[PDB]
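Visitor: Each chain, written out:
There are 2 protein chains.
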Amino acid sequence: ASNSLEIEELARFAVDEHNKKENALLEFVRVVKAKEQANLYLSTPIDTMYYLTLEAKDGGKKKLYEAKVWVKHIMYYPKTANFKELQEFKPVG
Amino acid sequence: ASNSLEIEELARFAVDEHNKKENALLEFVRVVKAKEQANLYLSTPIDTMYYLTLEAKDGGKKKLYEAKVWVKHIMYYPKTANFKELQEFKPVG
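Heads up: the protein sequence lines correspond to chains W and L, in order.
Taken in order, the first sequence gives residues 17 to 109; the numbers are from this note's numbering.
Taken in order, the second sequence gives residues 17 to 109; the numbers are from this note's numbering.
So here's chain W without its partners, still in its complex pose:
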């Protein structure tokens, strides 16, 4: 589904993926602030961009990161699934 707390594990997902691309080990505290943007077409959900504002411990003390995660919804062929892609992980204030 969308929201609920899926937005938690998605931020969790983004962190990890900043730990490869930039080879770090941040630990995830919590999500602060999230924007969800979804596209439907004749009630088939296509696509969702999540602008997450995040809080993780950069090897030590809590900090503020702005992440952009894009999830592409695969509807029926060949099974319903999701494609998660981190595409911006840029600490802010």
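Straight-line distance between alpha carbons at most 25 Å, and here's what the computed SDA-like set of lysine to any residue pairs gives:
no. : chain 1 : residue 1 : chain 2 : residue 2
1   : W       : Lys51     : W       : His89
2   : L       : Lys88     : W       : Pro61
3   : L       : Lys88     : L       : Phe44
4   : W       : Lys79     : W       : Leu41
5   : W       : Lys106    : L       : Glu82
6   : L       : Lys88     : W       : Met65
7   : L       : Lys100    : W       : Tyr93
8   : W       : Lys106    : W       : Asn39
9   : L       : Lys88     : L       : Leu56
10  : W       : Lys37     : L       : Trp86
Honestly, the hints are just simulated from the structure, not real lab data.
Given the structure of chain W, go ahead and fit chain L onto it with the hints provided.
Guide: Frame of chain W; chain L shown alone:
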């Protein structure tokens, strides 16, 4: 294999989109280098990111630019399509 003509058009698009968004009048000349990064998941293409290094005339002087084009692929459902969007078009100085 990257296809040169297809990239060349993708770059023509980059320059057109930049001219719209910033009331500039850059004149495309050629594409110099490109990196092309695509995802396929559950036997369907998902998206492709295009990093273009690009030569355009500016008031008549050929400078280099660098653009990021993202192409999202709609595959089967509501017709096969590709949605392009320009993100980041800056000179290479």
